[PDB]
Structures are given as C-alpha cells and as structure tokens.
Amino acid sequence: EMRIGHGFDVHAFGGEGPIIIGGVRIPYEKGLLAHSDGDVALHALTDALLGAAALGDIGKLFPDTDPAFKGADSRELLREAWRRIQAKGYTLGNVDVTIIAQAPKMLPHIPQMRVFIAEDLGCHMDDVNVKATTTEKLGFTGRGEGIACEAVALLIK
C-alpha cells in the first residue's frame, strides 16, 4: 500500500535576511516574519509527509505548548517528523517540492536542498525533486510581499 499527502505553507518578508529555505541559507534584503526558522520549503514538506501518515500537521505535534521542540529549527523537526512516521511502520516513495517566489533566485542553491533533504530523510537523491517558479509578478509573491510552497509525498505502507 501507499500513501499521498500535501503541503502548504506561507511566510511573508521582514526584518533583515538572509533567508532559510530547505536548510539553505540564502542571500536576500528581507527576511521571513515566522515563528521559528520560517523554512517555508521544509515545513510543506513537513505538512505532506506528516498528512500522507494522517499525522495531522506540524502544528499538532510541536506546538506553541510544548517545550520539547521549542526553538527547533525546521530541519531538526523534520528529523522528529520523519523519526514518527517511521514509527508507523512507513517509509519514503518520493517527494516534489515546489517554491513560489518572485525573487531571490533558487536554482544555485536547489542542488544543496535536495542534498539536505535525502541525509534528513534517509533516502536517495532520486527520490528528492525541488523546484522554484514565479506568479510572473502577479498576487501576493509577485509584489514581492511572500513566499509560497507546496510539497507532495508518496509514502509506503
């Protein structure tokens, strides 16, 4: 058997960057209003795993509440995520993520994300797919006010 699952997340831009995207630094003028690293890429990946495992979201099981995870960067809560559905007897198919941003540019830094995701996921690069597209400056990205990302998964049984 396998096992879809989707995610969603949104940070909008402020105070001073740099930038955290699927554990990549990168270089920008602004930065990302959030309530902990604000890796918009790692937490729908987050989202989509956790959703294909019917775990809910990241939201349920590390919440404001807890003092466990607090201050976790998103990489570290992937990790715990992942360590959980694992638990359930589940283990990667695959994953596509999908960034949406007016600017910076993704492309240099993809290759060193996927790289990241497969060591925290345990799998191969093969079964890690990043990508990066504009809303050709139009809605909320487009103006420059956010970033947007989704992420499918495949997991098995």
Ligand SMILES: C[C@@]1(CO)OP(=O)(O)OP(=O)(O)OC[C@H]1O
Given for the second form:
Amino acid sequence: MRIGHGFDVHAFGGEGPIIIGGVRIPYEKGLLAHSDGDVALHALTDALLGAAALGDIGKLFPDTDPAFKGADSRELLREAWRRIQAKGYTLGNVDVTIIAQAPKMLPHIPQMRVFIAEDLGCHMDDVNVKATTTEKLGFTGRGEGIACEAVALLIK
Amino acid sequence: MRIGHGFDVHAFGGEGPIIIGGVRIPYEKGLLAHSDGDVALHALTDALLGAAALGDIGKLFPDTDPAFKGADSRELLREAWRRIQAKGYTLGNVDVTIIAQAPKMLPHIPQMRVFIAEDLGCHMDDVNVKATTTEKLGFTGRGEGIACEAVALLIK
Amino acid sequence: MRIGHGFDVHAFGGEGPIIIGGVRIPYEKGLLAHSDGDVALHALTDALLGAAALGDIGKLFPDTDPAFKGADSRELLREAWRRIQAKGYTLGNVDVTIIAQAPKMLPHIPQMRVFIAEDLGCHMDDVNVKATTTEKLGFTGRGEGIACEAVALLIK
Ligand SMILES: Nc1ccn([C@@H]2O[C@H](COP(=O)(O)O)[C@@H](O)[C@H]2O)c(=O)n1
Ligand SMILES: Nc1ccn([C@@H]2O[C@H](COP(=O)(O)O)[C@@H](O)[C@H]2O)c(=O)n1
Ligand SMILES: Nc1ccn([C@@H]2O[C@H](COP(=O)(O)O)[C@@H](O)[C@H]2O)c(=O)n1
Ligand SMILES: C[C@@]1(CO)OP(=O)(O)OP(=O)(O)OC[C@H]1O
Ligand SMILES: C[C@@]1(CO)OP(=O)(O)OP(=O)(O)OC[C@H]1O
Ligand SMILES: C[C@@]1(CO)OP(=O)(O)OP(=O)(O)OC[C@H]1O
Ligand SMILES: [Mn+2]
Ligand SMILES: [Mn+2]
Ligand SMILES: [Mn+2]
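Could I have the structure of this protein in the form solved in complex with the named molecule, to go alongside the form solved without the named molecule above?
The next block holds the full complex; its first chain is the one shown before.
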C-alpha cells in the first residue's frame, strides 16, 4: 500500500562512457556527476525511498560523512534498500523510464533489469525499464543531458 | 499490485489537426510522428505495458514487421491491452496528464475518456485525464511540442 | 486501489517570497500565478484528484465562480480533499517531488510535511516530499521557473 516516485537528470560532459541502470554504455560524451551519474538508479532509489517516506537519496548525503560517497549508484541503491526493508517493507514492483535522445537504451535494458533485480533482491518480472526521446526537443532533445523518471510500489 | 508509468512527447509541424486521446482537435499546427502522434495514448500504453513488465510500446516496433505499424495509437493500445490481459492482468485505474500550452484540452477530456474506456474495456470511473501548461516555459511553453505523462495500476 | 499523478509548473517573476508546500521560503525572485503559485500543493491536489477521477484542480476553476479563487493552494487542497472523502475515499500515501535549481528545499521539507499532513488529515508517515535539480538544464536549470511532480495513492 505504498507508492513512490523519483526524478533525476544529469548533464553531458567529460570523456567517453556513461553508466545507466548499472550498465556501461558507449557514447561520445560522458555524464557529469559527484558519483557515476546513473540517473536511472538515482531515480529508482528516490522512488523506493519515497514510498517508504525516507526522503530522497540526497538524505544519504553529498557531505560524504565517512560512510557514503565514493560509492557508485549501485551501492547506494542496495544501502537504501537495506534501510527500507528495515522498516519491514518488501518490494512489489518498479518501473523506470529513461528519457534520452541518445545513446540507444533498448539493447541494454535486459542487463539493467538483471542488476536492479539483484540489488533489490527479487525477480526480473518485478522490474520494468523503458526509454523514450523528446523528439529533439528540450535539453534532452539536444544532447545536453539525460533525464529519467521512476515509480515504485512497496508492500508491508 | 502492479504500478506503471509512461512518458511521451511529439514536436509540432505539418498541416492542421492533432489527435489526442483519440480525439481530433483543431489547431494551427500538427504533430510530427511515424503514426498519429497521440502522445496521450502512447504514454498510457507505456504505463499499462510497464506495469505488466512488457517494456514500452516501442517493443511493438517501428520496424513495421507486417503486423503493427500503419495503425493508429488506438489499435496499438487495444493490442497492448490484449497482451496484458493474456498475462492474466485486469485494469484497476489509470490517470493521464497532458502537458501543452495549447490547444485547450479541457473540453475534449470527456470524449478521450470514452475512447480509453472502450479500448481498455472498463468504466470511465477507472480512467482520469487532465491537462496542464508550463506557463510558457520549456519546449512546451513555446509551441514546440506536446508532452504527456501517465500512471497506471493493474490487478491480478 | 487508486493511483494518481499530478504535474505543475510556475515561472519566476515578481518581488520576493515564494510559497511551496505551504511554507514561505526566502528567495530573490517570486512566483507568477493567479493565486499563491504553490506548485507543490497544486501537483499534489491534481494527483489526489486524479486518483478519485475528478479531473485536475482546474475543474475547481479560474472562473472565480463566487466560492473558489481568492483562496491559497492550502484551502483548495482541503476542499478537494473534502470532495474526495465524499466519494468514500481515504488517504493511503502521497509522494511529492519538487524540481528547482534554487532555492534549497531540503530544509523546509519537514514543515511542508506538517502542513500536508494537517490538510489531508493523516500522519506524516503517509506523506513524503523530496527535491531535485536539473543540473542547470532546462527552464528549471536556468532560474526561469519551478516544476513539481506528485503521485498519490487512495484507498476505498
Ligand atoms: N531546489 C532544490 C533541489 C535539490 N535539493 C536537495 O539537494 C540534494 C541533491 O539534489 P540534486 O539531485 O539535484 O543534485 C537532495 O537531497 C535535495 O533534497 C534541494 O534541497 N533543493
Ligand atoms: N535513448 C533512447 C530513446 C528511445 N529508445 C527506444 O526507441 C523506441 C521509441 O522511442 P521514441 O518514443 O522516443 O521515439 C522505444 O522502443 C525505446 O525503447 C531507446 O532505445 N533509447
Ligand atoms: N493544453 C491545456 C492546458 C491546460 N488546460 C486546462 O486549464 C486549467 C489550468 O491549466 P494550468 O495549470 O496550466 O494553468 C486546467 O483545468 C486544465 O485542464 C487545458 O484545457 N489545456
Ligand atoms: C551522491 C549523489 C550526490 O552527490 O550523486 P550525484 O552524482 O551528485 O547524483 P545526484 O543526482 O545528485 O543524486 C544524489 C546522489 O546520488
Ligand atoms: C509506432 C510509434 C513508433 O514509430 O509511433 P510513433 O509515432 O513514432 O510514436 P512514438 O512516440 O515514437 O511512440 C512509439 C510508437 O507509437
Ligand atoms: C487557481 C489556479 C488557477 O488560476 O491557480 P493557479 O495559480 O493559476 O495555479 P494553477 O497552476 O494554474 O493551478 C490551477 C489553480 O491552482
Ligand atoms: Mn542523479
Ligand atoms: Mn509518442
Ligand atoms: Mn500551479
């Protein structure tokens, strides 16, 4: 009986590789972020965290209080999940939506699903990921950055 | 126990008429798309499809594999729905949110609801549609395109 | 068994103070709107209203039909809620997501939660609020306006 929503973006810049949903995808530009700018996992975390009312992943700091920072989005997701289960919550299902003009996400979706399903400890049927463009409109339309929205559903 | 989320946009261009939620709305510009750029139904489909974990409407191709393409958003929605029920899923409720500076959506909402309620086979009380502008900000603020977000809830 | 989604934005302009989630936050610019441009509550209302299928807060008019207009977002939220309960609906949980480059929302979240929890009559554990930026991208990236997304979950 708990719904959750997350949103997140990151601007392009830097050298090559970008990481999304935990997968390393080839691309001319890279993603600027304090950590691996995995917008997919950040949005997913915020969603999960939002449903359990623990307030975004930002509560997990950019203060790098000797514990969390210097850690990829995957570790933060597992950590946040560990705290959510602590409040006796169990995963119902999650849906992620990546918004980018490029690169093509479709081929990497399955592997993303494998990762998320591992970190949240569940089967892949409980996690869905899709991608969409903004038809060359917006900061996404241009290759300025990538955005991602995620909804989550937890059970008690 | 299944939540779903969808997002979708389309840029303006072309002659007159635009189609949204299945309704033909008068407007100076038109919507550029491979098929009738019905952002409302596409977002709705992705949402429904996301909850049943079948990965966006794009999995239904733009490869036009002799079967699906040359078909309006309404047919795709009914098809996707047919496949979702196949996995023993039944509709709970859906909410659509259209983001456009113009034209005015409010008057066409009721008819949109009729269409969606037909295609998904349910009563109108299980489908809600609303509209909002971006106060002349963004590619939506300008008359560059229309975007739409949709959430869905399926039951087993 | 009812999900709901809301979205809303407002452009900057005017003198000082902005109101978000019912809290008065210090800021160089202000928010242009027919009423206190509380994007957080508007998105929240639309969400709640969407789940009960009553079609956005705009159905509550900008026609100022002697009843509603000249009223802050807080009164509209309580009113909309009063009508939702009328249809025998009860609150399950809600999650809000504020998208702004500035000002910093994090410190005001707790108080926002207090307000929402009062207006909807429930405990704070049933209401979550978070904030995020667009890394200086988009009309939000620039200080052009503030946007906000909200999901809601109602029970019968
Ligand atoms: N307007 C904003 C935007 C983001 N934030 C906060 O800063 C943190 C990280 O924001 P970003 O994800 O945008 O970098 C979060 O904890 C969030 O609550 C804020 O307090 N006010
Ligand atoms: N960055 C992106 C954006 C869209 N896509 C894919 O292309 C298809 C259609 O995208 P559009 O709706 O943006 O036209 C979808 O199946 C989607 O998964 C992608 O693989 N990578
Ligand atoms: N394209 C649009 C955008 C908003 N609207 C309507 O106008 C009202 C308020 O819109 P804003 O929140 O964007 O100011 C709502 O009731 C909404 O349904 C519309 O009818 N068509
Ligand atoms: C650790 C954080 C904050 O520094 O990494 P970030 O790269 O900056 O990404 P962010 O979008 O800001 O989301 C919050 C955190 O993941
Ligand atoms: C058939 C598709 C893909 O060609 O039609 P499109 O018009 O292109 O619209 P789209 O947003 O890309 O959503 C996917 C499909 O509906
Ligand atoms: C009363 C309304 C409509 O005038 O106030 P607004 O300030 O204009 O804000 P809005 O975004 O348009 O949301 C609808 C209503 O809250
Ligand atoms: Mn991020
Ligand atoms: Mn589309
Ligand atoms: Mn508003």
